[PDB]
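Next comes just one chain, in structure tokens: the form solved without its partner chain.
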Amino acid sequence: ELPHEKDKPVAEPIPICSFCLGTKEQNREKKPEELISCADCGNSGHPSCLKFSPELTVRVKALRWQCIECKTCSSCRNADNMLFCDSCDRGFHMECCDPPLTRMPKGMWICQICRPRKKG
């Protein structure tokens, strides 16, 4: 976790999925599933509705996660030219990546935090 994530207020979570309108007891298949909630605005989603894998779900539950609208660059601190890490869902401007990106990767992308550059 980044320092500026470890100390800040966490908004009250809204106990409904913004996607399916169900509670923790009813996802899209009407089965129970704990919500993930934005620490800034409190908006929630079922991990299944957010299309997160279980591994990502587990990682994000451990972090101060921001929803799509609240998301801020973890480098410079939304537009359409943000990248979201497929490991932690943090946002980074392409020009804020290390090294900087100029085109959308075809496949997966991971940030420096989840996989620091090989300093040999």
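Each form is matched to the other, and the largest set of C-alpha atoms that superpose within 1.5 Å is called the rigid core. Positions refer to the first chain, counted from 1. Compared with the form deposited with its partner chain bound:
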The other form holds:
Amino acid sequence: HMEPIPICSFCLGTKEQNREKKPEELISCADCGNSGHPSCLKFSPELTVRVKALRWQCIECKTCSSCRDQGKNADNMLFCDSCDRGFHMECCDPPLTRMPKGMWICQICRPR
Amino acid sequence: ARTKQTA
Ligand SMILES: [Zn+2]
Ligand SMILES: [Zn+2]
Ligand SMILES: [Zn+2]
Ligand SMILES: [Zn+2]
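Counterpart to the form solved without its partner chain, namely the form deposited with its partner chain bound:
Everything in the complex follows now, all chains and molecules, and the chain you saw is the first one.
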């Protein structure tokens, strides 16, 4: 993993200062080192704990966990609400006819 | 749901 950048990309704060100027540990991208406070990333406490256990990729580094295509910058993917892994629409299982309004949970989190 | 291009 790339050496983590010790500040949050969104608020500039270190682990000592989130947006409320309170201490909060950073989540860091394994590929580029970009970091964010979970609160700045808008991750729930449950998502935060899971992501800290995984090799997390930031929004720019994220590749599809099914096909792992390098892809193009213009491509889109869903982000799992339980683990934050990314999946192309065409790579989701079960297949989706449309984007869910609420939470979406990937096939790694809930095999089905 | 969240996507790369809406985030
Ligand atoms: Zn922050
Ligand atoms: Zn990254
Ligand atoms: Zn894919
Ligand atoms: Zn998942």
